[PDB]
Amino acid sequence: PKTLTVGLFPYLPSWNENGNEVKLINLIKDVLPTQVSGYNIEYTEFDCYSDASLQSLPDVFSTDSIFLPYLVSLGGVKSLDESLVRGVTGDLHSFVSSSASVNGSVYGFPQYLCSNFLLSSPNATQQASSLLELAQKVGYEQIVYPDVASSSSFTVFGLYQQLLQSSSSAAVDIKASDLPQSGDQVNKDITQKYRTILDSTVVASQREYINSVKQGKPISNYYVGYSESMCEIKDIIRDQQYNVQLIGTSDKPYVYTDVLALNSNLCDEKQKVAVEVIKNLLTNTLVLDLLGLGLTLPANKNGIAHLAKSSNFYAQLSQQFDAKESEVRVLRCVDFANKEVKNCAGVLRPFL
């Protein structure tokens, strides 16, 4: 009767050799307790990248902060005290806490930190501060950037808005009235920047890149993607001394944050049980250690520090997040979600 539904972020890395696929989300799920404070805890996968799932929120769910303000305007998420979050997550970065806050108030506990980092081989040859700067230097077809090469809807939409909008704060909140609707609304200056980067990317998938690095013959010394996509070579990264940094597609660096939030229709007792489940998800050393195996980044400084004590990879990102703590931006949506993102991407693609 008294049960708690938990919607976990399902997009964690996975492993493979041949046929047998191992999902990190399954390893973590088998560690989480199914009985807390007399409550029966149900852990299921919550796809925040599905508009249908955003319509029916569970008791407690993990969602990308890119849809947080839109999720707030529907009322389905409960506002939380500043002290309640700080007593669980500990110290957060300026951009991490900003990505979780909507209109002053806080609406969730930051769980994961994500971004399109630059994995540069020791054979660096050339360095840069932004992707545009890097693209010009490396020339035609040098960098590996699978999402851009494949023109993923979420990436096409993202890079366009990153090149376009600019903000003094950390939260770049855009609305549906800022998205190209036809084609004459497509900013040609921004489409120019994207093409510069696309021309510097080799038509090669992430799988092809990982295989090449494993076989000792990298197809490129440059790679852009999520840190979770580098988990299958985390040994080679540590051994052969690969470098990883925060690079903006232009000027300002952008990151993604996954946030644990609770439904607003919760009682007052369930409200306490949820915090315990969340406090476990964010502070349990076994969960953190498992996240380290997939190169997944915790959102709190405590979580990052814990994994930095035995990983050079996590060490660089800790220094990175601290040095550029004020320059990091987070793209969020005010009055739209997945449907508009896919539609906007569909408009932009022919102009790329």
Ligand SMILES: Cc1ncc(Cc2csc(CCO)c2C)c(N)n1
Contents of the next structure:
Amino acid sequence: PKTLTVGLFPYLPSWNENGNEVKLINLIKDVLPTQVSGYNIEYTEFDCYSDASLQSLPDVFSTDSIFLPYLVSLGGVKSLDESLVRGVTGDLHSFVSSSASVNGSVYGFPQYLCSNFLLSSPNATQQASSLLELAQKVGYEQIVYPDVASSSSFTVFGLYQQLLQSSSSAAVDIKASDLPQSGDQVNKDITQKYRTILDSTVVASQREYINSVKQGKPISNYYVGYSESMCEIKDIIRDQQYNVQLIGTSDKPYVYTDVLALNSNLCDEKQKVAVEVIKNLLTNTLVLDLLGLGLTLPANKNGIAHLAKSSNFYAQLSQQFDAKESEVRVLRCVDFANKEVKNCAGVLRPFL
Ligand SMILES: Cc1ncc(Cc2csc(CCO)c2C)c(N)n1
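Alt. form deposited with the ligand bound, vs. the form solved without the ligand above:
And the full complex, kicking off with our chain again.
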């Protein structure tokens, strides 16, 4: 009868000790209430990195803000009042709030924060402000960066646009015309800088790096990747005193944000229930504590502060987001999504 379909961001950490796989998204799911305000609540995994899923939105969904402006253009999302979101999330960083803003309007509740952070060892032989700077200072094959070494589509597409584009505001909104279509459109200067980072990257996966740290013999004192990817050594990061920081590939540091948005076809009775479910997701201390176990970052200052009270890891990031608040950029797409990203990455790859 009256059911609320909730689409969750499914790309959360996963623990594994051979055979048995524990997914953090399952832990969070088995904590959220299935009965709210008379409505039945269905939590399912919503893959925003699938064009098919972006074509059929649920009542409420968690999408990467990278597709948000394009998602707004389809009209499938509902505009929200500034006060309504503020009363749920609380204080938001400038880049976080701007990541949910499209055409001077808020289109969802910021849920997750992420970036390619730099995990520096205690024996950090070098310090840097950009990955280009760290590439020159340390040298050939010294930094661990799995997504760059493996040339992941979103990373190949991502870094290229970060090096190329520049903005005064936080939102770096690009169109489909700004994408290389062949090879004569590929900026060689940008591709030259990407190569320097790739040259400074060791040919090693994430699993190989983690196992090295666990065995006490790290393959490198430098690691770049998602905060969630470091969750299997969160104790070692704390004990041995590893360092984390917002580092840009060049100049400005980039950030991913996942945003809980409401469908445009929601009635007034469903809108209040959806907000209630959302307010639970963002403020429930048990949910936040579970996020802390997977080292994934809440988007609001309150969620970050809560986890910063018992984690030095979160403490550094909270200091980082505050110190470089005006410098952080967020890449977004105006009139394209996954297909055009995968295609653009395929064009760029040979020139790397
Ligand atoms: C919380 C969080 N962590 C990481 C990401 C970034 C990501 C995760 S999977 C994926 C697909 C790559 O092919 C990307 C870009 C995100 N959006 N939110």
